[PDB]
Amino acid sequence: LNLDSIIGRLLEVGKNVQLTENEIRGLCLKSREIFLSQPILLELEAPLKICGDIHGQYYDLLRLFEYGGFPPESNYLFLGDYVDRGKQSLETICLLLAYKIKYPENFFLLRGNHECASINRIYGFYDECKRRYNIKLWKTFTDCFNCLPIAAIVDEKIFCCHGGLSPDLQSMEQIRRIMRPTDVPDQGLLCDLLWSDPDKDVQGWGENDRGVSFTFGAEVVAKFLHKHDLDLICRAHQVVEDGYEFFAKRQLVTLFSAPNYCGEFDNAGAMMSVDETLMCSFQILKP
């Protein structure tokens, strides 16, 4: 009944929700256990709703649940980037962790490049934690982030991750052998899964403007799907005007779930529903 009270307070509502340090610490400790007990490559089954980046936009997260259904009315896969930039990362991550604890088999969260301590320091989560609580709580979130799964396959056909593909990715077993907990390295497989972007104008692998990881073209996607017998790559990590955006003739979709991203864009947010026959549709949240 501790958990339902945390949930009730989170849903009660820029107006903050300040839970207690012990509650938040319990959310990190318990969710971290569940993450580590579940595989690092999730095997999920439709029907499911899939969401892109939130970046602390807590009112938009509650909006996504209004559109999609509060759990356990729908099953969820989130693709990362819960924290940083927005004004309410603490409420966002804590509702996500509360749902994962209460619904461990029907609510799933992947690791984004922002679920990384070094990126947090720079992009606001460290500061939000230090201000509202203390640096040690931030360390507790960090240790929890280091245990998140990295990718998911829905019904053997949809490959999901925050960023994209890697040139070092030859078999799915490489992903399964990634040890947790771990920080995200500056280069290599785990990095690439969290950081890579598709690019229309590149062929093969390219230099990525971010100064981290790579870009990959349409041909890389077609080869990856064919090789691994998949129909779709579902990823996030880039703001797209319509909330979702296809690439490589519908073989890759980018999802982004934070409308009016960071005050600075006029984008819709989208959420992708996958039904039991693997049909994909989109609910759109305009800014």
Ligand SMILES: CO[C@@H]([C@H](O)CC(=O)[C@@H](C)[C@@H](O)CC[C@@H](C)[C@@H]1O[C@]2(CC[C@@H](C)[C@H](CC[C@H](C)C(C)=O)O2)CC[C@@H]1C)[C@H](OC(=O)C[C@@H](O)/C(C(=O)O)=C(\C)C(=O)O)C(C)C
Contents of the next structure:
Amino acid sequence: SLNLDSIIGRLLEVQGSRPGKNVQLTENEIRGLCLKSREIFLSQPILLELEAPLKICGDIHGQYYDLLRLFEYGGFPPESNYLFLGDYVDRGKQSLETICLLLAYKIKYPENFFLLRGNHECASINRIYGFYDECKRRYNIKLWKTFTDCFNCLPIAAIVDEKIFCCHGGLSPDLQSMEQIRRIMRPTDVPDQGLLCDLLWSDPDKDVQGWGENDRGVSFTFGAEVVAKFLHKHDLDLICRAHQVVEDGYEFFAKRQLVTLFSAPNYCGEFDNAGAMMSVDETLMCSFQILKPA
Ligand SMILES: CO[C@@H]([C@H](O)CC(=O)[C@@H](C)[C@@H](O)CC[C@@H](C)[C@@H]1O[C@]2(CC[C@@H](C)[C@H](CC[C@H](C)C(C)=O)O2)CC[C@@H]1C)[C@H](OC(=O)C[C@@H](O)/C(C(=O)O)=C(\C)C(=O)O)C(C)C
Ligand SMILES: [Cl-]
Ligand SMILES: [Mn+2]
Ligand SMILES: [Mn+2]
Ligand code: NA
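Given the form solved without the named molecule above, produce the structure of the same protein in the form deposited with the named molecule bound.
The next block holds the full complex; its first chain is the one shown before.
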């Protein structure tokens, strides 16, 4: 019923247009993308087990033309495998185009293209920070709820070749075993506290020893020894996460045991940050492709 290639073609047609040109799919098409992608997300584990090589991207926040640039630089799917770390919607001008292209690629290439849940893939949050408004304006609120129902099924973490632990936010003081992640049932909203919350919301902090209060009003901060201890315990080499705007598009932490990726340059039109995508080669060596600030 869904003609994905037509949908993808229309989404990609605006490459080279005046940045800001909309792609307006039909309501029925977007419903289809939500429903089919939801089924795929539920059919795959909540803790993904992935293989290198792959490209890893952080926050997009509706910067659709920047998403197109990342694909231009990195290779359009399936030329490279992709893992996105969440925060597809809110803040930017073109969340709808952003999420529809991502969902279309998930349906087309479900074993080579992966999306994790960010703290913005949550009705409570995207009600406030732009996506609800974008949906109401360009479609209707019933379609917004369709998006929500899909977001509630996204996986929440990935491990690349048993060595790179990936999530949107960060560690949790409740995370003792990986089985705890695997046990989480879907669909689910993001709770106000606990493991799932923390994976989507926590931040590393150079000035915290152990676990600290998070100025976001949700979850915690964690220090370098929390990272060191976690990697040692679980025989991991790297934590890869997103969630925080960083000036270079990527930023290492805890003697390079953690990296933050943020893929939306000139974030919100308010920052002068680069956006970065991390290229992980066959041996897990990391390099970067970067959208420099304007
Ligand atoms: C100013 O506060 C920070 C951010 O700008 C804004 C945020 O982090 C917000 C998303 C966050 O504070 C909103 C939380 C708020 C909705 C919550 O609201 C409550 C009440 C309403 C309820 C529906 C909600 C449910 C929370 C629960 C976890 C769910 C279901 O999501 O809980 C209570 C607890 C909490 C205050 C700021 O963070 C940054 O600057 C990082 C940057 O990357 C960023 C970002 O949001 O990540 C920016 C610049 C941005 O876009 O604001 C940092 C200095 C602490
Ligand atoms: Cl610490
Ligand atoms: Mn986030
Ligand atoms: Mn974000
Ligand atoms: Na791909």
